[PDB]
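Protein chains: 2
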Amino acid sequence: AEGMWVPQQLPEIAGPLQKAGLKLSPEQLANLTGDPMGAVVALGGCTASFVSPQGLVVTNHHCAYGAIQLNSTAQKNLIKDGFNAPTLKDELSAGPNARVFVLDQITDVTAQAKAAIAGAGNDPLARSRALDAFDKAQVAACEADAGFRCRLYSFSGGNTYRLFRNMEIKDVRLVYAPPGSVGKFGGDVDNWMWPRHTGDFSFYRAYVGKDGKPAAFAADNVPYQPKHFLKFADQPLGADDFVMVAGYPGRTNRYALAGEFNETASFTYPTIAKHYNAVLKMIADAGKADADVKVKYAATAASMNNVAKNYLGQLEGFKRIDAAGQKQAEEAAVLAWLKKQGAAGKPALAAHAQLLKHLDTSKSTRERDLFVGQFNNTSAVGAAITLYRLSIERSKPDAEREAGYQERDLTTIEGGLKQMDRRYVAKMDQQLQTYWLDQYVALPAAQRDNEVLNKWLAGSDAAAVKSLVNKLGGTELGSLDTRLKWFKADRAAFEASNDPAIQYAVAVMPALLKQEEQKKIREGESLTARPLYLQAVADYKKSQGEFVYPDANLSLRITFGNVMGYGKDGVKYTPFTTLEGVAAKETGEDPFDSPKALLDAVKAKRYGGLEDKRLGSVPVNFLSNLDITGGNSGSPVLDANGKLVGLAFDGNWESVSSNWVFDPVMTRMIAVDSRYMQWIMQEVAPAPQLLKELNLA
Amino acid sequence: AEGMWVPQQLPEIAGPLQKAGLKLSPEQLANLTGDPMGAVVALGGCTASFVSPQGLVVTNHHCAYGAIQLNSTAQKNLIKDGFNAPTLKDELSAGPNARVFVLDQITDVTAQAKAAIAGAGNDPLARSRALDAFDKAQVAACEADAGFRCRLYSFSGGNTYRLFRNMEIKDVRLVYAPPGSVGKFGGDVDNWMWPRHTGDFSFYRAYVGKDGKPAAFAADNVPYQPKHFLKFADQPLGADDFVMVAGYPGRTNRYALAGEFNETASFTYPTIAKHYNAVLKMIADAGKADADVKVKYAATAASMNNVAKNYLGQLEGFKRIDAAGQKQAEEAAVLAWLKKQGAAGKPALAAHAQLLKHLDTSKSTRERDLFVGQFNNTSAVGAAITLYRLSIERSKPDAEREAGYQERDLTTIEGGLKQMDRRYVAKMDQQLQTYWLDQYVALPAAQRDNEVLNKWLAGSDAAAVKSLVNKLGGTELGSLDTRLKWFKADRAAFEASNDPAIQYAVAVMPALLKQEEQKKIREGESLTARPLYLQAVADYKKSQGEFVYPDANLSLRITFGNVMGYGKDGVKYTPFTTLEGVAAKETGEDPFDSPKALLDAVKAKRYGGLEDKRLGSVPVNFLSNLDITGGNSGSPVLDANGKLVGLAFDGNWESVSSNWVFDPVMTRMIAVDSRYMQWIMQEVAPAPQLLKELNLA
Ligand SMILES: N[C@@H](Cc1ccccc1)C(=O)N[C@@H](Cc1ccc(O)cc1)C(=O)O
Ligand SMILES: N[C@@H](Cc1ccccc1)C(=O)N[C@@H](Cc1ccc(O)cc1)C(=O)O
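Residue numbers (the deposited numbering), protein chains in the order written: chain A, 23 to 719; chain B, 23 to 719.
If you're looking for bench data, these hints aren't it; they were derived computationally from the structure. Fair warning: there could be bad hints in the mix.
Since the list gives no way to pick out one identical chain from another, each pair is judged satisfied if it fits inside one copy or across any two copies.
[Claimed, not checked] Here are the simulated PhoX-like cross-link-like pairs (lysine-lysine), alpha carbons at most 25 Å apart as the crow flies:
{"#": "1", "residue 1": "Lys488", "residue 2": "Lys385"}
{"#": "2", "residue 1": "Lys590", "residue 2": "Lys607"}
{"#": "3", "residue 1": "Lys232", "residue 2": "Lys635"}
{"#": "4", "residue 1": "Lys590", "residue 2": "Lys625"}
{"#": "5", "residue 1": "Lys341", "residue 2": "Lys625"}
{"#": "6", "residue 1": "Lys607", "residue 2": "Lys594"}
{"#": "7", "residue 1": "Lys714", "residue 2": "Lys627"}
Construct all of the structure, not just a fragment, from the sequences and the given hints.
So, in structure tokens, the structure goes:
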């Protein structure tokens with residue numbers, strides 16, 4: 023079924039849920055801290071779920087990838103080898119910034135948020151500061167009890183605001199990862215593709231301090247005891263079976279203006295894909311010369327591969343469904359429908375005209391902004407900018423500090439500085455600085471108008487770039503101890519440093535704060551125009567009997583449907599893959615290089631009690647017509663009785679353009695079957711302690 | 023069904039043919055100059071069929087591609103535009119070397135063939151001279167009537183010889199070609215692939231002189247009046263329908279030794295694919311800089327792309343089916359079964375040992391012979407060699423001249439010199455000479471032992487090469503009038519020439535005739551062993567219950583089966599594509615750039631009365647489990663009642679390795695539906711005169 027339904031829309035999908043095959047009462051799904059919705063957790067960018075009473079959490083391999091990479095070395099490469107912890111004491115810290123968010127409360131605060139915005143009058147910067155202040159005040163009251171973290175969410179262009187309260191677990195440990203050749207079978211070749219044969223799962227465990235409250239990693243921390251956890255399905259999942267997903271989709275753009283779509287299609291997507299593909303070649307080459315580079319950059323290389331391929335898929339999809347035609351026609355129908363409404367429709371029409379004006383702002387600054395943006399986000403420079411920015415915010419009262427630099431963010435900033443030790447090599451950073459500066463100096467002189475960067479380059483050719491990278495090479499911010507000292511330093515110490523990375527951050531900061539102020543002005547203008555126009559689009563959609571649900575915004579959503587394949591001319595994709603399809607793809611070369619114990623077990627038909635007689639094998643991956651996006655990775659797929667039948671991890675090639683224009687015919691979720699996850703842990707990469715904990719052995 | 027069945031085997035398949043759903047009688051098929059089989063003709067490298075009483079011939083577009091190519095200029099490009107001849111006199115010569123072969127009779131001359139070989143004795147060279155003389159003599163007699171061509175075919179390794187007698191139609195004209203965006207929709211991207219949407223068809227007309235004997239092109243030749251022509255099906259072809267193909271498959275290698283397969287898989291296919299891919303990049307780069315280069319090298323680039331992609335598919339297929347293992351296990355089972363046959367086993371056991379020592383002769387000289395072979399076959403140099411060779415052979419009497427340089431070959435040689443005019447650009451041929459010499463001068467010193475070439479290079483780097491290409495550019499053989507002068511010149515005029523390409527021909531010819539003697543010796547030693555070992559395999563296969571049929575050898579074969587898809591893990595390929603599939607593949611960029619009139623008709627559901635209700639659209643291509651190969655292109659696909667339901671044109675990706683090891687699971691023919699052919703000639707690139715002549719209007 024189409025839709026990323028908010029829990030508050032359960033009454034509207036209760037009948038469709040039952041019709042599709044839900045055997046739980048839709049009522050049971052509305053208790054978001056009960057069984058089973060209470061077992062679903064956010065990781066920050068991925069979904070996961072509790073699967074034991076001792077705080078075992080299951081998610082995708084690609085969601086645990088960062089944690090696995092932080093614990094990998096060139097010599098002991100867990101990404102390649104996998105990992106198992108036989109006992110609690112063998113579990114590895116997932117890193118200081120790993121989180122498990124357990125939902126405690128959702129509050130509707132729409133009327134209060136709208137009153138705070140209106141309270142600001144017709145000044146856009148005051149409107150942006152009013153919502154900021156409201157957001158900070160809600161979050162401070164909601165976080166007064168130790169161990170909670172809150173977040174204010176804007177829905178439907180700012181027509182609805184809800185405050186989420188979560189227990190924030192800060193001690194997350196790695197328990198199990200299959201080998202990379204299972205976890206990421208087919209690599210970037212099979213990424214965004216069906217047929218699919220990827221065992222995309224791993225396990226964490228949540229820990230708390232001995233006092234029961236969240237704590238950073240410590241030896242005497244103990245496993246979290248969740249109130250609810252999911253059970254692995256005892257009923258074999260088959261074609262046409264009801265499935266549903268609860269998770270944290272990040273961002274969809276189905277309500278974007280035609281011009282926002284056109285800009286993304288004609289500039290953002292092709293341009294990011296081009297540059298990311300070129301940076302990836304550079305990282306791949308450096309990785310072949312030094313395995314330390316390969317391991318330290320593995321998470322970046324993985325994310326950049328995923329985005330670049332997703333973008334190429336979205337562009338193909340737009341042509342497939344004529345997304346440009348469909349956006350143009352819908353926007354024309356909404357503006358014509360408003361007109362026929364007379365008086366009542368003039369506000370939305372004026373809100374449209376205003377958003378329409380916001381587009382053109384980036385035309386001959388978009389290339390510059392990209393290159394300067396990427397240069398400033400390289401590791402040493404970005405660390406210098408964050409550290410200098412924090413030194414400025416610390417001089418203010420906490421309620422006046424920029425979101426991201428308040429007291430409640432300090433441990434996350436510090437964790438980032440710590441995680442950079444596992445993700446930084448000077449010789450690779452210099453190549454990244456060189457790459458983005460090179461693109462900058464190749465712009466026409468009109469567009470290369472970053473005056474600070476112009477001063478530090480003192481040229482617009484290869485030698486000027488080499489000279490600046492040589493200069494920035496003298497930085498000490500590669501040192502973890504140096505970064506942790508700067509983390510506590512006052513503004514004056516930054517301003518006195520002869521560290522060239524720090525000098526660069528001090529020099530660019532005034533222009534950065536002015537660019538941020540301009541952003542907040544544009545935000546404040548949108549805080550009134552966006553909701554008016556998006557409410558009209560939603561009203562129009564309801565007039566046309568179309569499904570109305572908010573764009574994803576990193577909050578909890580439910581999607582449902584059935585196990586089913588899809589088709590193109592000449593082809594029908596079947597809803598399951600099987601073990602034989604894994605062995606049929608074997609080449610012995612990355613990324614089609616399965617463990618020997620897998621190839622041996624498939625050749626012997628060792629199905630380990632998990633064969634589905636309807637398939638004649640153990641199922642590997644399955645297709646369903648659910649509505650997921652980035653952020654849904656690791657979401658539990660629940661059957662009609664709320665049991666775990668698999669994890670969401672990807673979509674088929676034709677699904678990716680549904681970020682902009684949903685296509686029900688060729689949009690499918692790809693999930694890993696809970697039976698394959700059990701089969702891998704039995705036959706290939708043994709986890710006997712985990713199968714016991716899951717009551718599967 | 024497996025098998026390229028010779029017409030004599032009709033008894034054995036009579037029943038399976040009927041089980042499959044054949045509604046005509048097998049006796050009807052044994053009538054080879056009758057209906058329907060008498061409609062089926064050979065083009066030499068392609069199959070075709072009579073489809074009107076006025077000599078109308080249908081074949082594939084890629085079979086007609088050379089003809090279309092010859093009639094194309096950078097200005098008037100019929101590859102891109104297509105072609106239609108509304109009247110007889112608008113029909114374009116398909117070229118001097120274009121033929122239609124109509125089968126007159128098959129006689130077995132095995133005994134006399136085995137006599138000729140025996141009655142030479144031991145001396146390998148005498149054995150091959152003997153077979154050549156018996157071949158020349160049997161042909162000279164069979165061709166005594168003015169308008170016939172005869173060919174001696176060796177089957178099952180030389181266990182069976184047959185003389186084929188054909189009426190040779192020498193005046194073939196192009197009537198109709200769709201646009202290249204239809205004829206070759208999907209280009210080298212969709213080549214060897216399903217799903218497929220290619221309207222791979224074109225029409226020729228067979229002309230003879232007013233006397234009724236075949237003749238070369240002349241203004242007052244009239245159309246041939248075939249005894250038999252096929253009718254286009256009125257019964258709609260659907261899934262599971264019986265289909266059969268008659269045609270001229272070129273070469274299969276299912277009876278090759280495990281060692282011949284190992285050489286092809288380990289050296290020949292990888293090497294050819296690599297060097298062809300690099301030459302194709304060059305021709306693509308040159309054609310983009312010069313539209314005259316693009317058109318003149320279109321046919322060469324098309325053939326090299328087809329071969330390169332085919333080989334990559336064969337290598338991939340070998341790994342899918344473990345061809346290496348199956349060939350080793352068969353070569354080991356045959357020897358074990360012969361060593362249990364006692365006295366009856368020993369002649370085949372000795373024949374194997376004799377053949378097993380023709381393998382270790384190449385490892386050192388294979389790269390050299392490839393690179394020198396390719397260089398010698400560039401256009402100016404290749405013309406120079408052939409023309410000088412003919413002058414050598416002219417001075418001998420006819421029956422002692424090399425096969426291909428006889429009186430009966432003069433027209434084909436002269437045709438080749440004329441065709442070169444539309445296939446030669448000096449700067450491209452120099453790029454080709456450069457590529458291949460460059461590969462030669464890259465070889466280790468020990469392998470670089472072509473005396474004349476080392477002499478002419480005087481060095482072993484890019485500069486020495488450029489020096490020789492510079493020398494050779496001085497040729498006048500780029501001129502057609504020059505090539506026709508040399509065609510009628512004697513040995514001494516060649517040996518007096520200061521033309522550097524003629525000078526190269528004369529200089530290399532001694533080493534060439536030496537190498538050709540050591541080749542005929544090679545052939546001689548094999549001519550008795552090969553028969554004996556291949557009969558043992560046939561007997562072993564017959565003993566195991568496995569189908570026995572000879573490897574393709576360019577003679578007439580029948581294959582049969584049913585319209586059916588295939589699958590692999592997670593995917594079922596359905597047996598038909600449809601119009602909507604063509605439209606869905608549209609990018610507006612070559613090779614997915616359909617005529618506007620196609621895209622307009624698809625949108626508008628103008629099905630032209632050609633809807634299949636079961637598909638809900640007009641079908642485009644279909645799949646079936648027939649056994650075809652190179653040569654079978656343009657073969658009529660006949661339904662249960664011997665009516666034309668389409669043309670064979672390609673095979674799916676997994677089919678191509680069946681040239682060495684047949685696989686019934688994933689081997690399918692791809693054919694163009696006769697309703698797509700009509701629909702194109704009605705709705706898209708009209709041919710109202712053809713529809714009339716075919717009785718479809
Ligand atoms: N494409 C996946 C990540 C991946 C990379 C390589 C190998 C295996 C997986 C991905 O981006 N998944 C999303 C979830 C998602 C996104 C869009 C969609 O249509 C369906 C699923 C994620 O990581 O959250
Ligand atoms: N691959 C085709 C030629 C072609 C190229 C590009 C577009 C369309 C057609 C080809 O080689 N066809 C063969 C017939 C054939 C060969 C092998 C096989 O398994 C099935 C059919 C031919 O030209 O005769």
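Here is how each hint holds up against the structure:
{"no.": "1", "hint": "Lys488 - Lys385", "verdict": "neither (29 Å within a copy, 49 Å between copies)"}
{"no.": "2", "hint": "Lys590 - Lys607", "verdict": "both (22 Å within a copy, 10 Å between copies)"}
{"no.": "3", "hint": "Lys232 - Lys635", "verdict": "neither (47 Å within a copy, 71 Å between copies)"}
{"no.": "4", "hint": "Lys590 - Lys625", "verdict": "between (32 Å within a copy, 17 Å between copies)"}
{"no.": "5", "hint": "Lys341 - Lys625", "verdict": "between (42 Å within a copy, 15 Å between copies)"}
{"no.": "6", "hint": "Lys607 - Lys594", "verdict": "both (19 Å within a copy, 16 Å between copies)"}
{"no.": "7", "hint": "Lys714 - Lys627", "verdict": "within (23 Å within a copy, 60 Å between copies)"}
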